[PDB]
Amino acid sequence: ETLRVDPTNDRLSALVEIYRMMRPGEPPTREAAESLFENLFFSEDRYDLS
Amino acid sequence: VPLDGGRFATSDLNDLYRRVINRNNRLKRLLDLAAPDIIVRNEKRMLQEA
Amino acid sequence: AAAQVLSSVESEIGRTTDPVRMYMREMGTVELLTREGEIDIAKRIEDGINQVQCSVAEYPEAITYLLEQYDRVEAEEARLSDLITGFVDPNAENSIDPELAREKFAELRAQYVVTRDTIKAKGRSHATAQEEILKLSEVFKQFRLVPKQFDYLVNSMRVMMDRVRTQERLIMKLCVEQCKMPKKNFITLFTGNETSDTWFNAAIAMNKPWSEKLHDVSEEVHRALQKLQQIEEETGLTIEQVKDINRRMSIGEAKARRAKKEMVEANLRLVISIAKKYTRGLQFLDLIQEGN
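Residue numbers (PDB author numbering), protein chains in the order written: chain C, 349 to 398; chain D, 253 to 302; chain F, 79 to 171, 210 to 395, 397 to 409.
Treat the hints loosely; a few may be bogus.
Claimed, not checked - In silico BS3-like links for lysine-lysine, alpha-carbon gap of 27 Å or less: (1) 376(F) <-> 280(D); (2) 377(F) <-> 280(D); (3) 377(F) <-> 296(D); (4) 393(F) <-> 296(D); (5) 264(F) <-> 376(F).
Stated by the list, open to error - Here are a few chain F residues that sit away from chain C, every Cβ distance over 12 Å (derived from the structure): (6) 90; (7) 91; (8) 93; (9) 96; (10) 147; (11) 150; (12) 260; (13) 269; (14) 271; (15) 273; (16) 275; (17) 280; (18) 282; (19) 312; (20) 347; (21) 400.
The set of hints was computed from the structure by calculation and includes no laboratory data. Beta carbons: idealized from backbone N, C-alpha and C, even for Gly.
This is chain C alone, in the form it adopts within the complex:
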């Protein structure tokens, strides 16, 4: 059902949607989307579970 509701189709579309949700108004970019997604949970400086 979740795939049914999903409008996206590939990784680029998903990253663009994540960027649009996190930073509305700012146009998405090929590299900015992946940089933000990496910095969300996959950067030591900006994430830590201890």
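With chain C's structure known, arrange chains D and F on it following the hints.
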């Protein structure tokens, strides 16, 4: 009003008035400078927000 | 086409209320120019500036104003006022010295005294008179004045054109909107002589029953004629010449403004990159405007 220790205290209304009249004077200066329309639009939006 | 994605983003925003990111989105449309954009833009700015300088040189009393304040301060045995900085200061391709000012004004006096009689010979359109006027404008062009005095120098043309154009549209403000004479013949008759009433009573010669009842409004339609005659006699220039001068000043200034405007947004990114370091004393977006 002055404070006992040589300090001062004021309401935030002084801050808000300073901000709005600073931006209003900057807009007045920009209008006679024939500035590019995007900067004048940004200043008008800043005045609206202030 | 950087504006194509603008439709796809703005129509699908989350309705951001942050003025900073919307401003940066607005300024992100223009791209960065390097090693070619700056040179071409500077060339266009210089072309506009030289067109403006050309426009003021044709106006006969511009030389008289360049000269008369210096004549006035000559009698004071010195020029200690700040207008000595606003001297001609000829460009080369420092304090104002008399050895330069007097040498520059000698040929100015010579042209001022030699360009009067040639105009009267074979009319204003005399080939030698026109070339002598062009030479005098050229020897005026070899000066580099200050923008302070230059501002009122061009403001004089702005105000003179405003006055002459108000006197012009006064004709339609008094008679065209009420009496309704056709503009097809009016535009041709106005350019005919614009010195006398040859077309004014030529219209009376035709049938023109609307024009037949002009005596009641003669003492208010001829006042504009007298005012434009006064403008011509005080400025010493025909209507067509000043129209051409200002119609080319207009597009020269428009070109300069377009060049400067187009150059400006190419460095708004630099403005932001500098302003970010100075926050937080005051604000973040006001610093951007001050950088602009």
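Verification of the hints:
For the proposed pair residue 376(F) and residue 280(D), the alpha carbon gap of about 20 Å is at most 27 Å, so the pair holds. Distance hint between residue 377(F) and residue 280(D) is fulfilled; the C-alpha atoms sit about 19 Å from each other, no more than 27 Å. Of the supplied pair hints, the one linking residue 377(F) and residue 296(D) holds, its CA atoms being roughly 18 Å apart against a limit of 27 Å. Straight-line distance between C-alpha atoms of residue 393(F) and residue 296(D) comes to about 24 Å, which keeps the hinted pair within the 27 Å bound.
Our distance criterion of 27 Å between C-alpha atoms is met by residue 264(F) and residue 376(F), whose separation comes to about 20 Å. A cut-off of 12 Å between C-beta atoms contradicts the statement that residue 90(F) is not in contact with chain C; the least separation is 7 Å. A beta-carbon of chain C is positioned within 12 Å of the beta-carbon of residue 91(F); the least distance is around 5 Å. Distance check on residue 93(F): its Cβ comes as close as 7 Å (rounded) to a Cβ of chain C, failing to clear the 12 Å threshold; non-interface status is violated.
With a minimum CB-CB distance of about 7 Å to chain C, residue 96(F) fails to clear the 12 Å threshold, and the non-interface call is violated. A cut-off of 12 Å between C-beta atoms confirms that residue 147(F) is not in contact with chain C; the least separation is 56 Å. Non-interface call for residue 150(F) relative to chain C: holds, since the shortest CB-CB distance, roughly 61 Å, exceeds 12 Å. Against the 12 Å criterion, residue 260(F) stays outside the reach of chain C, whose nearest CB is about 46 Å from its own CB.
Non-interface status of residue 269(F) relative to chain C is upheld: no Cβ of that chain comes within 12 Å, the nearest being about 46 Å off. The beta carbon of residue 271(F) is kept farther than 12 Å from every beta carbon of chain C, the shortest such distance being approximately 43 Å. In this structure residue 273(F) is separated from chain C by more than 12 Å, as the shortest Cβ-Cβ distance comes to about 45 Å. Distance check for residue 275(F) against chain C: the nearest CB is about 46 Å away, which clears 12 Å, and the non-interface claim stands.
Under the 12 Å C-beta cut-off, the non-interface status given to residue 280(F) relative to chain C holds; the minimum distance is some 50 Å. At roughly 47 Å from the closest C-beta of chain C, the C-beta of residue 282(F) stays outside 12 Å, upholding its exclusion from the interface. Every CB of chain C lies more than 12 Å from the CB of residue 312(F), the least distance being 66 Å, so the non-interface label holds. Separation of residue 347(F) from chain C is adequate, the least Cβ-Cβ distance of about 55 Å exceeding the 12 Å criterion.
Separation of residue 400(F) from chain C is adequate, the least Cβ-Cβ distance of about 20 Å exceeding the 12 Å criterion.
Hint check: violations occur at hints 6, 7, 8, 9; the rest are consistent with the structure.
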